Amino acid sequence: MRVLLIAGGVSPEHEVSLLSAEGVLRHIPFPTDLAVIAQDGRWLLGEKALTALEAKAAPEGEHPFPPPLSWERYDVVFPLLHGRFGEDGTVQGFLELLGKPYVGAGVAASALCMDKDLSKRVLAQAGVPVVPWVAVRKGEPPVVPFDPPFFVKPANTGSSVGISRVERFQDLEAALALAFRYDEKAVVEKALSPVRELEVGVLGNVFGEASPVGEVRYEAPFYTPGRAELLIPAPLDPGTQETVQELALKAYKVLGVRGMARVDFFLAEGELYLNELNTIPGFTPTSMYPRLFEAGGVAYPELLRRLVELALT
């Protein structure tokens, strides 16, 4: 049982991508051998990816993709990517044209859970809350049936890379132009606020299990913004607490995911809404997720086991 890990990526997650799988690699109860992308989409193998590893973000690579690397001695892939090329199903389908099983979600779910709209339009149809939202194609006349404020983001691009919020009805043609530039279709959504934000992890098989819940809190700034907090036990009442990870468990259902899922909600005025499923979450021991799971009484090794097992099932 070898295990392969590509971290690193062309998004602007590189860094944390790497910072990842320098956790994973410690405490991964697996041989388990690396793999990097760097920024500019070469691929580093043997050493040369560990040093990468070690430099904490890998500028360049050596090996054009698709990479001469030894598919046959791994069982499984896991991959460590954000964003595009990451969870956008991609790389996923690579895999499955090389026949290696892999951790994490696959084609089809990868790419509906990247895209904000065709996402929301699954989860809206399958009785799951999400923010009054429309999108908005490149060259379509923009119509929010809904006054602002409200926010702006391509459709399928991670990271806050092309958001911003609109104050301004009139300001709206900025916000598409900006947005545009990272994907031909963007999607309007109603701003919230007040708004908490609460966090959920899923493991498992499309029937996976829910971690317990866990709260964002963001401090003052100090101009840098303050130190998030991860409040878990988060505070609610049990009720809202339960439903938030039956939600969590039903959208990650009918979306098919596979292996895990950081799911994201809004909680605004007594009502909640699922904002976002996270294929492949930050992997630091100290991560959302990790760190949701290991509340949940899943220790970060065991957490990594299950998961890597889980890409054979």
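Numbering follows the first chain given and starts at 1. What we label the rigid core is the largest C-alpha set whose atoms superpose within 1.5 Å from one form to the other. First, how it differs from the form deposited in another entry.
- Per-residue Cα shift between these two forms after core alignment stays below 2 Å for all of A108, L192, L172, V122 except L172.
- With the core held fixed, the Cα of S70 is displaced between these two forms by less than 2 Å.
- Here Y182 counts as shifted, since its C-alpha moves by at least 2 Å between these two forms after the core is aligned.
- With the core superposed, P142 shows a C-alpha displacement of at least 2 Å between these two forms.
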Given for the second form:
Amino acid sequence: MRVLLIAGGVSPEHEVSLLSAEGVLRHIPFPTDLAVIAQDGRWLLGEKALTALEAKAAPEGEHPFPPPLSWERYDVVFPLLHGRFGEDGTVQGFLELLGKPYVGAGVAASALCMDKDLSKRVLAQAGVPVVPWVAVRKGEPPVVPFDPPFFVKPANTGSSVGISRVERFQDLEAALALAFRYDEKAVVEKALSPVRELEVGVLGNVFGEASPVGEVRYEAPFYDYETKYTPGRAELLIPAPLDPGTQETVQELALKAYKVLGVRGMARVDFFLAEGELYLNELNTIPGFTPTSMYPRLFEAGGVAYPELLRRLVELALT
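For comparison with the form deposited in one PDB entry, kindly provide the form deposited in another entry.
Since only the chain itself is given, any partners or molecules it might have are not part of what comes next.
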């Protein structure tokens, strides 16, 4: 069994993807070769891909897309590209046409779970509680049916890039412009204060197996990029310090969401606990595997070690 790991990407999470690649390459129980997509869209192969991993960033690539790599010597392809052009169905689409079995969600599921507006629309219709929001397009005046504090985010982000905590209605125009630098569409959600952040991992093809619920606590305005990746800043509490009844309800809503969206392989479902009420934030089809990441730590506490978790992903790709 030979696996091809693709990491990097043109998205703002390029550096996160490379850190995720370190975590996967060190624990994958199968012979694996790395391929890096540099920030300019061009690929780096072989030894140049491994050298880019040591630098934690790869700005320039060698090979223009489609890369002259031998796809036939790989049984499974593992796309570990977070964000736009990687987790949104584009690379999955290319892999579908190539006929190569791949890890993770398909085209539709990847495209849906990456669009914060559309994913919430599907979830709300399925009877899953979501935070009340409104979608704002670029060049269109902001019509918000609710009062501040807000949470302005680009519809396609990850790693809290372009996300702002808006307190006044005056600060909305400036936060939307920051959001519009990464996407043509943005969401304006209602901020929950105080809030406990619950995260659960899922494994399986459509009908999943849930991991124990975990909690994230911090000393920052919100769970931002700095808090997410700089060591020791975030408090990863596995298992989550709450009532065993609401711990079961988190797992049930996660598995229900997974099935509705038709997700394959994996996902880490983020939740919000605000005054007894549970709300679903988002689903991430290609979650992080960085040293401070939640997904592999959740399954480690569930009796499923790091080499076993990655082995199960490769097996789900083939089935």
